[PDB]
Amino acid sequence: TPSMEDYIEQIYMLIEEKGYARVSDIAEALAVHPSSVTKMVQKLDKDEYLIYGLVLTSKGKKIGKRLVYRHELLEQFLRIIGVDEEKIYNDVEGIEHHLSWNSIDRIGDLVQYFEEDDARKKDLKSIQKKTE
């Protein structure tokens, strides 16, 4: 499931970025072999996420948009609570697949909480100082 999610998220991004998604671009972006991509694409095709360049069905597009959103939100989350920027991508890449929608939605409210009043960010930063 996680792997399928990484493929769909990547395909969505490529289509939005280049207008198309090639097996070759998919393979490179995911650091995998084209044989693994072809196999995965056939599975996604079977499950109706896309059609074998390759075009996403409405189902793959809705899921892709959501996966990209999930990624972006999780990066903002760690960024806001002060995680070293260089560590953020790798952590989001691992946890993004293991968070229920309830957790994603709650994390979304947390981000909004800190975004609607900068004093709150200042208050959270102060705690980091005490901890130090």
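Numbering follows the first chain given and starts at 1. Throughout, rigid core stands for the largest set of C-alpha atoms superposing within 1.5 Å between the two forms. Compared with the form deposited in another entry:
With the core fitted between the two forms, just one of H33, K59, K65, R79 shows a Cα displacement of at least 2 Å, namely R79. The smaller of the two rigid parts, set against the larger, turns by 20° between the two forms.
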The other form holds:
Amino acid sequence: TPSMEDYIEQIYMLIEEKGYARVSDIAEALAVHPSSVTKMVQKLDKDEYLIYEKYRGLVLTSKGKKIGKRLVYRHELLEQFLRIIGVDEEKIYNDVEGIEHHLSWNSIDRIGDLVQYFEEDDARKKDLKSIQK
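What I would like now is the form deposited in another entry, since the data block earlier showed the form deposited in one PDB entry; can you produce it?
What follows is just the one chain, with no partners and no other molecules.
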């Protein structure tokens, strides 16, 4: 479920930078009260995505690492994509959040080629960054 996914994403990201994931970290990295976080976080534990250990933060399982890595990849790519085409830095997150669960892997794949296409030649970020006239 998209609810569960946002959390897996946020947990994986917190892990990748920090090592662990506190509860408060989730609470404010989603903007939802820690009251709700607690309910979901023990739910996701019961479903074998994570393991909630108080004082000790939050650890993904093999099943959490599988999904987290996936979710974060497309998220980062869609974010990378919007940056390339030239969208405001401050509008990227909100837009990617709202489209990431509504795109087929084929489209995710094609966008990948599109990002690869501009990255392969930074002397082509040029032409794009001139049509804004």
